[PDB]
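Consider the single chain below, provided in structure tokens and representing the form deposited in one PDB entry.
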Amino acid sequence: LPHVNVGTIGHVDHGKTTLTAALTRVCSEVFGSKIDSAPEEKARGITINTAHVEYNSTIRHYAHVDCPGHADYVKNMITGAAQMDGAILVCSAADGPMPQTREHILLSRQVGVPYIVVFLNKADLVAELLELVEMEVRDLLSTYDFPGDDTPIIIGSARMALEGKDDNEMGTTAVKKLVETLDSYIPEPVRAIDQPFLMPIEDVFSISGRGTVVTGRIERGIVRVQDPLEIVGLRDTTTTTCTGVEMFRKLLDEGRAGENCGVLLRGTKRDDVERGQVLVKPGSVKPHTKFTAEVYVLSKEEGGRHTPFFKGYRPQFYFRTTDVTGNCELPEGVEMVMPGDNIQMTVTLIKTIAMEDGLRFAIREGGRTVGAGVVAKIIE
């Protein structure tokens, strides 16, 4: 049973929270289906108001994210607390597309959500607008570069399905149909360990007699002895070979995603590598400096700034394991930015950093986090 991350997005009152309970029941009826004692932690940080449910189809296992408030959607989507492999946009025939519908489709594009599936809710209340409403939404999606013309759209009423109480084909059948669509349209996602090697570098040592070592926690993929590698970031890209992996004073033949270890390089001098760089499968990731980014500015209450900011904000951008200063470029008409607000900006970094579309980063003004962002489009 593969693990697919999914979630509902759309306007308010349109029935996201309802299609959520509906999905659990239709699956539980038609598809099979303890407290943590650890000591509390110091901070807490952002407060994500997020609900989670689980439900299984025949083919796969789903983890589902629903959110109370629009603001909650914005925080959760930008941070990755709610990262979806495919999202279920809920729109109603009754009311049609509304502001938070546009904002969420857009927001999904920025944050890198791969695929979007639509469920036209409240079908019970209808006729003839279903043709017209599909037309609109399809172009609405296409406006933001999702396959709006070739996108699946299921029509039904979740409240029936939940009570289901299938009256037309619009009840239980349509939710079965939605699940069937997830099974089909959203491809099985690629596990971290099946991705190209990557490890952000923390410390750099030289153990007497065995060469130079860089440590960190492997983000994705696997590194094996005698694998070629590039060191990418803050400096001109360099090549090297892995000559060993160490962990708890034991010698391993390979390091794996999730593992904290030390990697031994061939030849590379201790001064030819530093914190912030990433150890990478060659040509897998490139150095970059200018990008567009969706950002959420933390509230006063969340440890963020007590006051807004303006053009020429040059804060610190934290990418994996190090800081780098960046210039911020806001859209036209935008003068101020309020703590707790979210906006798009074009950032230009003083140094080059290893990045890809969809990389999360933190923004810091003097050590403490004051914003959280995600890379939207690489420019230079």
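We call the rigid core the largest set of C-alpha positions that still match within 1.5 Å between the two forms. Numbering follows the first chain given and starts at 1. What changes on going to the form deposited in another entry:
Here the rigid core is superposed between the two forms, and of 211, 97, 262, 152 the C-alpha of 211 is the only one to shift by 2 Å or more.
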Given for the second form:
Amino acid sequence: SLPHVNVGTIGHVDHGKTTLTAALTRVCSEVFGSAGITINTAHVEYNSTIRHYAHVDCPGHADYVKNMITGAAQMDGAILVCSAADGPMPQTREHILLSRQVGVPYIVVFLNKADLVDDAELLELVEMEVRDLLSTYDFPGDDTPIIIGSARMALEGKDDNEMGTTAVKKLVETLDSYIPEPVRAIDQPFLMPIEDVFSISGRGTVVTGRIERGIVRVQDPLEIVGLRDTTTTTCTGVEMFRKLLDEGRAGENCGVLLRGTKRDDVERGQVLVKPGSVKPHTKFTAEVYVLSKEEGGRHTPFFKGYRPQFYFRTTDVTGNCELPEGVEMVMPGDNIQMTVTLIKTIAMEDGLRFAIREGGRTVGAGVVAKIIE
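Now the other one: the form deposited in another entry, given that the block above is the form deposited in one PDB entry.
Just the single chain follows, nothing else.
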């Protein structure tokens, strides 16, 4: 019955990510607890005194790109592993960038392989490089907790000079205090993506869907957002399988009974929300992973002016893609940032995920990085 927090290890190949993952389970055991698109992930769990951690680790760079953009769980925090012996390397940079793009709110650093460094100046040098890297992508580099140690010593139950077990312990306690309790879906502002719309003989409207987050109750005031100008409405009932109720909750499939809505003020793909909670937008920055030929996507490389369908929750909307300055094409299996302009408005926030399709043939997965307009 402990608070659930999603974490993971990021950084360059060979810097110690998988080892630190194993050390974390061992150390938490000894000091606290117990123990289409193809994506290789390893999953692990450990408890501190106050939290249950669900921890993801991926083999290679390509896995991190796909998982962070379209992976099963969104990290509430990421542990950046950087080798103190080697200093930062290309995927040290790119994984911080990708964390920014994907909306990972916090990053903690473990400077690994301290057993290999007998040189205070080198540790200082590498720490400064990493703080700078973090600040380059708007993480608070100067205030980032950086723990120095040896994941491998910890994994082997060694703790000479507190480099091993103690350091991984300090890491977990940093997780405890630096990453806030995430807000559960049930406690966020109400949102349901609309699927079907049925007029109750002109006396009201049922809009159906699966509540994505929050709670809706009889008498609640609501807005209908996207595709056309926002309208207001009032909930007068909730239809569930077999039952008419006064309430519906995140996770539940229902029909929300509405009054004050005009037949065609409401359609599929709009979102029913707590008033003032989400706004409609058309233009945004996005990190996109373009599917592989093998993954059932495209074999063709596309160019500037590409106009695919963007799928957001329960509908799709045509959009124009602008590549970054210096790029003319994008091959299958690439991941790039691009600026997108939709033909119609749609409810959206930073961190919202979407699919890209051509004629019902999935070609990309993306996340909204930054809303423009």
